[PDB]
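Add chain B with the ligands to chain A, keeping to what the hints say.
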Amino acid sequence: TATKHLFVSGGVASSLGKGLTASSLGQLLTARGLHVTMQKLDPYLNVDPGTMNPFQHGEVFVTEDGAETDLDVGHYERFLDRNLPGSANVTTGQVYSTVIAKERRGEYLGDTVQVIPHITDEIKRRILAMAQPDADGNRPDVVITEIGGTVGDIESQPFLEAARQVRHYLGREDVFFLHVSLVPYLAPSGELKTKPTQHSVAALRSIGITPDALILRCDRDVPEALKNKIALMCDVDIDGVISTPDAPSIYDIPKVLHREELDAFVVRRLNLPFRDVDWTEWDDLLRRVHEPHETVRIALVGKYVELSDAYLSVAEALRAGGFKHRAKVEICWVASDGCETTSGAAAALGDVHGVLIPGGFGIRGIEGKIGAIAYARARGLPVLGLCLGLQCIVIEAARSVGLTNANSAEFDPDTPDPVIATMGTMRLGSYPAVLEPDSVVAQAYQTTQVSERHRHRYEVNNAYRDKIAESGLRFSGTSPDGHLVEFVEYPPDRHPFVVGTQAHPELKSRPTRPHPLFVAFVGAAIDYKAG
Amino acid sequence: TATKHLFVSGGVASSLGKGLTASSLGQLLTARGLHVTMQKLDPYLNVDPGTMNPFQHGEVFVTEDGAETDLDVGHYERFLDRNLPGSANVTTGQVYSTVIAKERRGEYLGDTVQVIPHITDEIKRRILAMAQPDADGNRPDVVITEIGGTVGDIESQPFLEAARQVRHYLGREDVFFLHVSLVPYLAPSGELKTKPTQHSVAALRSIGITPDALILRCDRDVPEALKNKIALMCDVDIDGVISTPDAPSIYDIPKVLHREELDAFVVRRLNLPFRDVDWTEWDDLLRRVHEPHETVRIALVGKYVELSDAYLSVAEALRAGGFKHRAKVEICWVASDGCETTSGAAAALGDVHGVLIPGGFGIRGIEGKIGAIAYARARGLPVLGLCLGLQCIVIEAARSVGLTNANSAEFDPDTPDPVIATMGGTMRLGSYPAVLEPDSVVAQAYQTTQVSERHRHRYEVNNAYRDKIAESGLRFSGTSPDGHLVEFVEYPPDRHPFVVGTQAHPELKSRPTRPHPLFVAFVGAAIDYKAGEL
Ligand SMILES: [Ca+2]
Ligand SMILES: [Ca+2]
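Note that the protein sequences, when read in sequence, are chains A and B. When the letters of the first sequence are read in order and numbered with the deposited numbering, they come out as residues 7 to 429, 444 to 551. When the letters of the second sequence are read in order and numbered with the deposited numbering, they come out as residues 7 to 429, 443 to 553.
None of these hints come from the bench; they were simulated from the model.
DEER-style ranges, computed between Cβ atoms: (1) A:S195 / B:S212: 26 to 34 Å; (2) B:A8 / A:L176: 51 to 59 Å; (3) B:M429 / A:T7: 53 to 61 Å; (4) A:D245 / B:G112: 45 to 53 Å; (5) B:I213 / A:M446: 40 to 48 Å; (6) A:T7 / B:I160: 33 to 41 Å; (7) A:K199 / B:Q62: 47 to 55 Å.
Quick reminder that beta carbons are idealized off the backbone N, C-alpha and C, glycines included.
Bound-form chain A, shown alone:
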């Protein structure tokens, strides 16, 4: 059968949960036995979200191919269990750069390069690019493309036009349009208004797009009488009007959309092959979420506290590790700067059962993260260091030996002992790593050969390897040639669990398929909870 295209558009208010709404539909379609790939059209002029502040706009997701993408790609990968390419994230900057480059080359044969067709054509080409067969020659069944930004925006105007152009290229039978809108509840009158959805569909119909289904994001349950009024008001089928109330968990949303029969409506409208939903895997996850046997507290020693979206994949990997042990993970958002002193670190990491050191990119406060490891080693708390975390474990290890001036060249260039230095060369995407047999990392992974996603340029100095080894720390994980240090660990006879990784395992972690390092880390924190 021909490849289908589903477009998810957002109106009225922003950050409604449009990413999760689309991912949950992707989960249902994959559970129905279909090849589903997902794309996100960000309307900002930035080429890569790498230049953007992660503590203001969210974490930078890294794919297997080594592309810096939006955090929405992470939601897609977790809900599908499938690895996505770099082409899954399209920006206004990426499109406008490609079109201007071609114009300067003379690839438009003496024509006035305008948004329509030149820009809309490039967007259209990037959308239809997902329909091409992937690795092992597999063509997808349905492509869910999320058109970012509010319907009616200047930055969203060319992306919606390309989505409309695709609808006329393939036909009504191959293209579906889903629109997410907010239904607000007024406290003094005690009634929900249909006016925001009415003008949102009108703004979408003015640009030339007729929506097939409507997602009504609300705090309460939308009544059948009100749903019937919206159905006539927007000329949307009554079976297509979906009431999506605020779910207790993000993993409850696929069950909410299934109850409203949206997944069955999508298959029937696009004439896709029908097959019942296999809840066997998702029900096992829901049982681990709603029925936990234990509660474990794990501290996240990050630069900026409270904000979950700065370390979204890290927090999701921690919860995933907890589900394997059938326990609830309470993330303690600890500010790194407070752990600079041994007294301050003790007051912040006192009541916790585990300590995690995430990878800080372009940060300046490193001394706090080093101090957090120093306390955790003395108290006997399990430590999991990611990217900068491994670098901080190495600095603390060298400092405990006797090297008082041991630091990273990235933070202190005039250091007389640079234990962390370039060569430099930037590492992005999946990199292979050989593991030492019978080690803590080998016991977790249960294999001597692994592959993890990287995003850094600073490595462990090979000259200081002997001086660092004096602390007891062992370089269990190295590159195939053994030149680059990938994993560091303390033996169980010295510390139960102090493992550091140069890569980001949180990206490869899924709620249905948790990462073995996070499983071993959460498990070690449960062992700490006893006594």
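Frame of chain A; chain B with the ligands shown alone:
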């Protein structure tokens, strides 16, 4: 006094004469004794219009600094007599190319780059850049910025928004808004429609711009009773509503706007220094336009026929040369392809008095232009070759000598005799100096031994073939200061009265009030040819 900004916005229909309406206002303000600089905002994504087809979108104007700009810059330069910089032509492509480069450099420091403010900021920076003092430290009095495209388009939306921010940042006393609209005449009812003007002003008011004056482009005279109705309908001052009927000539438009007192209204509203218009120079031009003593036919041997906008500066330079002799120039648009054969060239260039070979950039049909020179040399017609024209004179000169396979490397790369070749080579753009041979035809025209002209080419004359080309009688009268590059070629008067070729484009430096000496000498030579048939 503080630098003023005037914004010209076009609505409803396109190509009505937005460029000419703005240039005529620029002419009046300069005639009132004010430093006027003009800017054109193009909404296309092309960084330089040099990549565009000239026979589809118009000629590509070259400034003194060496920038490829829109043909509207040419209208500004001719109506002001002032040389404009590369900053006078700002495109969507330029703005987006700068902001994306800035973003990648991290100059926006962890921020989501959006149209508002990042894009509008670059446009606002580009407009305010014209207000900066020019060469010898001279700051302009008023800056006329023309916003290309219809008011209401998504492509021209950030350019209008920047003008609104310029109005906000500087003030109402320093920023003026002019809107050009069409008033159509209905044949069955016999009345003018106010609806296209009302809907256009409403579209300008919806984006947040209140127009100060309205230009009503019409075929007939707009009545004072109708002008009063539109004034109230658009909330524009009655003294600001200007009726602009279709003028017989493009040089009549400044006189039309002066009669409606638009120039005086602009000065009064912006609180600019008032001084009466010095018509001394413009009236002399109008007399040469409307009262010609002679009529001379000059053929324009170009690849495409009839389309004037492809060779706009060339046609305007030809008319300018005619005004100096107080004569009307009838341009004969001749297709180059037809002049390939000697019989076809004779049938096309038979009744003409002068032959002109313009500069064809990115063209393929060169053999026709060579054949046109071959006939003109035999018939005894004056020849003026521009850029490719000089190259074609050189090829024809070498071919008459005996080199049957002599051609340009640009058109035939496998030629055994490349008389025209690069140096890969280097692209020459802008004003380049040239030393002239004393007592030569070009020196007699220019009346100086040292000249400067604007270039836009990559291929030069092969210095190895200089001796073989010289056998025809052709002399390299114009060369670079070092003498390595050939700039001008000419035949002696004892061989041919006027066969002059130039490597550069003199048509760009030609003005209606200040004509180019080469075009004056060429038109004059064509008048001499007419005298020879009596
Ligand atoms: Ca985001
Ligand atoms: Ca044009």
